[PDB]
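The data below hold one chain only, encoded as structure tokens and taken in the form deposited in one PDB entry.
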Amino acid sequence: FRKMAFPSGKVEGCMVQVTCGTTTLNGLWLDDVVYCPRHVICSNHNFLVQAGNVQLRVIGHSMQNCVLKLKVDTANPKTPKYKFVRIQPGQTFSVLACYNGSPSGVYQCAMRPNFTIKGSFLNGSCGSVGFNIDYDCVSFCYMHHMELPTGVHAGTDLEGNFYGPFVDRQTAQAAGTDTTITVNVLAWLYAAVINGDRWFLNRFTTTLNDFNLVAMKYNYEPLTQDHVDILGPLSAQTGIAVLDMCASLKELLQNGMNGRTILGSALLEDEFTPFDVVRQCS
């Protein structure tokens, strides 16, 4: 299985550049509003908003947490059906990396439990957005702001609220220690089972609390009830109860794979969600 991004065309049509003084970054143009990181300012006639080479006149503005909302005099005719959503650690999304308002590439990312993403961003990438697409509706979840000294990345939702304990200052910040996304590893184990790779199944089970206590001792995220629910479809498809798969993973954590492989790998993958596995296996 492979990391698959959503097609980026609905988001491509919304990317513009925003310039204040000599500082240029990316903005997101939906109807007659352009959203961009507020630090571009580091009056209406001080903002140069361009779609390609064409200027969009700014007629008003305001700040919502760490994002600037620029009111423009043209409604984007390419505006898709969309929502702003705040995602949870473990959830995945596509990133359209942009420079000077021009799309450069698309790739799939996961929100780490410490609210960073392992992205691929260069100078001028701020304002690039992350998103999911469900039945032609684009759910925008991420706007890019920062690269940590460790090389991972940090940003906000489209309401300007950072994910994690970060601030939009030119200061070296540190993420909390990362953990493994348990729910995604389990989805990966279900994907193995769906494809016939099932030697790791055992005849034990566990309670959720007992498993969560053990997981935390291996730097694994505890499972939420929401996690148990989104594993539901894969449990039903394979006939393997979620708590039985937890007991199989626990043995894997306590004994290892020997030299054995799962899905042709010796390392457990944790950036595929239960939805990604359903998306891909069907």
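Numbering follows the first chain given and starts at 1. In this text, the rigid core denotes the largest set of C-alpha atoms whose superposition between the two forms falls within 1.5 Å. What changes on going to the form deposited in another entry:
In the core-superposed comparison between the two forms, residue 213 has its Cα shifted by at least 2 Å.
Relative to the superposed core, residue 241 shifts its CA atom by 2 Å or more between the two forms. Rigid-body analysis on C-alpha atoms gives a rotation of 16° for the smaller part relative to the larger between the two forms.
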Second form
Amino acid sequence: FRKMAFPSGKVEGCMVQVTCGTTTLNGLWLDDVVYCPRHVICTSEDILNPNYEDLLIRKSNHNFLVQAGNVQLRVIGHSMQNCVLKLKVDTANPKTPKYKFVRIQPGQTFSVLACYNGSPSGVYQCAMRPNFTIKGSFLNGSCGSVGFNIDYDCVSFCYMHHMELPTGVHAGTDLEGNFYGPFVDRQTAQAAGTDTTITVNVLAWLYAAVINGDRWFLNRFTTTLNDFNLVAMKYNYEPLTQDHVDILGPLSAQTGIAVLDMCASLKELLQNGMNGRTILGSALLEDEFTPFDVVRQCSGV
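Switching conditions: you have the form deposited in one PDB entry, so give me the form deposited in another entry.
Nothing else is written out below except the one chain.
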């Protein structure tokens, strides 16, 4: 078991370089449209509080250098959708895959194809934190890189990277340009909320642990949703809905451990720590595997 990302080829053929002035960042090229963050048009003079409708008026199609590999794309149109710029180009990407644009939920995971200058550099798995940040690995110029899921031959695009928040975490939008969370594409004082722990994900990781022969933390007891949740709010774990229990049905059925039985096991580790013990090679509780990531890794989808 291990953090595992989707194969990235379907998405690598879509990454291009977008230049605007002396600003360079990554774009996503689907059919005849290049999606990139709209802060590409900011100059260092306007970053504190840019007027984007105004900044974009001063721009002309030929201020926008789009490069696919080493081919140069002809920008025949430019418009702004929320925080995303849509650059209409004259070629449709021959490598465009079947795709949809999805807004994901806090707790859900995706792969990230980290790019610089339109070239991929790496792929890794992320979760959307409950406070709508992502704990990424992104450098300067990683802007425009995308997060995605692949359900056989269909790429669901769900995240486009925009900024680092000075706290070291990352903020971005869906592919329609709406930020995840309260954040703005502006160099301004911005705070993420307090960041909680995705309980349903920690429970799935415990199931993965049991599936892989690591079972020391399994215990006697049961408990209820109500009583476990009330311990859960004390360690800043997210409330466990009844749907979360239902989402864990396949995992529970595969191990013979009922959901509330595993909760009772988790409730103990919260009040007691792991006391020098590991679980799946880790001394803390992991919360960035969904129950699907765990079923998928243990079913070889």
